[PDB]
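2 protein chains.
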Amino acid sequence: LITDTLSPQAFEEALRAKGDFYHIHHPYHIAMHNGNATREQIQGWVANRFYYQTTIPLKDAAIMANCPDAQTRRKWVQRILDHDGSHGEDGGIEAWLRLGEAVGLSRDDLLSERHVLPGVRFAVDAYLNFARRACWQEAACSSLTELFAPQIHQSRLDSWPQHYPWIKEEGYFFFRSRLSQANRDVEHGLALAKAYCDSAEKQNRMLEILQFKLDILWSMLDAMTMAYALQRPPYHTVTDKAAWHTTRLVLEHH
Amino acid sequence: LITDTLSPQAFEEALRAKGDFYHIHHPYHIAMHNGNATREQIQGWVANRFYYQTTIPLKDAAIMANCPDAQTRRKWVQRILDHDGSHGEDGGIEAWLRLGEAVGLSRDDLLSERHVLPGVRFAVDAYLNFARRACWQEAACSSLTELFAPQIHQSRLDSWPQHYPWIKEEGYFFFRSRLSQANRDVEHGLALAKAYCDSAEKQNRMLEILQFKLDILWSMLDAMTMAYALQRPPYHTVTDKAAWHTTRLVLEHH
Ligand SMILES: O=C(O)c1cc(C(=O)O)c2c(n1)C(=O)C(=O)c1cc(C(=O)O)[nH]c1-2
Ligand SMILES: O=C(O)c1cc(C(=O)O)c2c(n1)C(=O)C(=O)c1cc(C(=O)O)[nH]c1-2
Ligand SMILES: [Cl-]
Ligand SMILES: [Cl-]
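Chains B and U, in that order, are what the protein sequence lines are.
Using our numbering, the final residue of the first sequence is 254, and nothing's skipped along the way.
Using our numbering, the final residue of the second sequence is 254, and nothing's skipped along the way.
Just so you know, these hints were derived from the structure itself, not from any lab.
Just so you know, not all the hints are guaranteed correct.
Footprint (simulated), chain U over chain B, 3 or more residues, beta carbon under 8 angstroms [to be verified]:
{"id": "1", "stretch": "92–104"}
{"id": "2", "stretch": "130–136"}
{"id": "3", "stretch": "211–217"}
{"id": "4", "stretch": "233–245"}
We put the CB at the ideal spot given by N, CA and C, even for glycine.
Bound conformation, chain B alone:
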């Protein structure tokens, strides 16, 4: 715990130290990196991570709605454009659908969101609800797990082709695009964090907010582990079919 307020430069390094808990250290990721994941595990990861990807623009729009500073909104909106496309070009959500196709899943497999597990849904929804309710500065700075993302994207680019040569080349476009996007994103996030977190109280709170974000990522992979590695998906004692709910209940009627 911080007792005497860190300088902006020392505070940046305390945020970066949270990378010790990044999801690159989760066994599910480690198995994929080492070549020990199954195709079913890879497909399940791609289908479930699509729910996070399609939530990113929702959460960034939520931050914008709570942010009365036009300067900050002019920069932040680029995140929405990167994922949704500008306009019919493509964008990150389309690139994720192409990763789906590269691992053998149809566009409808991903777009239906029928394979998204409830533990993934509750973790990703927690991110959106924080973004809706927290002050904009706190919600914007919870993006800063992006500090650690280029390293994980590059790890996949380096390892997957050797172990999983059946994954089509087009599939890798998203990970390569993020090497530059995540870097520009954090150039903004860090400036915000270092300006805003100017007391020991705000610095400790922000570190706890970043821990919450890391917990979301870890918990998504825990749900995937139960379902696809341990043959304990929801209701496995009662049925062999998927029985969980499949609807963003507060955003869509059915």
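Given chain B, put chain U with the ligands in place with the hints provided.
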């Protein structure tokens, strides 16, 4: 799937059939019932389920905030009284703390909420968030897993004394109190559902809301299983200490 609107009696039958997916069928519950859970597994369950218990009055207050009908509010507030108590350590939250003491945990172990796993937190927070955002009728009716609760309370009253004689008597007061309270609650909840859900569209929607509620309960137990049965609590690959966030971030500073 319902095509032609069910009668109120047939709709009740449809709600009751969802009991097939109730958490009495989860392996973590089954192990406790059969006498095969460890003292640590039982203590972890009591500490984590306290986060659900302390959220119930928050959720019920959220329902009331969204309910412009005074008649309904006059009935619903009794749920808040039941958990918070009319006076003194009276109430269900205090009874759960006494269950904590009966299994060997202090009041601070529970009140600090330091043992609450992120997967339990995100599932339970999903409940609260639905109650804050959905229409009051739908949020109220998501209580209807109470249809199945007296049986699970009775299962513990029947099995635990013999398997776990070290659990102190006073521990069993909460489960016994809920045999009557859950029945009083569902009298109202089922009357509301049968009156409100008077079209095929509303009936289909409500069965999906009840499934969402079932999925929350199942996912809480999946998180406990990872941490306490499978030796895979968060961050186990990089630390032996608890490193998850421990704060209701949007409701308390820290
Ligand atoms: O593949 C990954 O492991 C990973 C992790 C994260 C993260 O650290 O939050 C993001 C992404 N990918 C990603 O593709 C993405 O567009 C993204 C946006 C954000 C954010 O919080 O706004 N995180 C991440
Ligand atoms: O011990 C159990 O398995 C169990 C289950 C549930 C449930 O079915 O939602 C409740 C409770 N307990 C409980 O003690 C309680 O006070 C309660 C209120 C509610 C509700 O949704 O408002 N559910 C439950
Ligand atoms: Cl990224
Ligand atoms: Cl109950």
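Structure-based check of all given hints:
1. 92–104: As far as the stretch 92–104 of chain B goes, the hint is violated, because 0 residues have Cβ atoms under 8 angstroms from chain U.
2. 130–136: holds (count 3)
3. 211–217: Holds: 4 residues of the stretch 211–217 of chain B have a Cβ under 8 angstroms from chain U.
4. 233–245: Result for this restraint: holds, n = 7.
Checked against the numbered hints given earlier, the structure breaks only hint 1 and satisfies all the rest.
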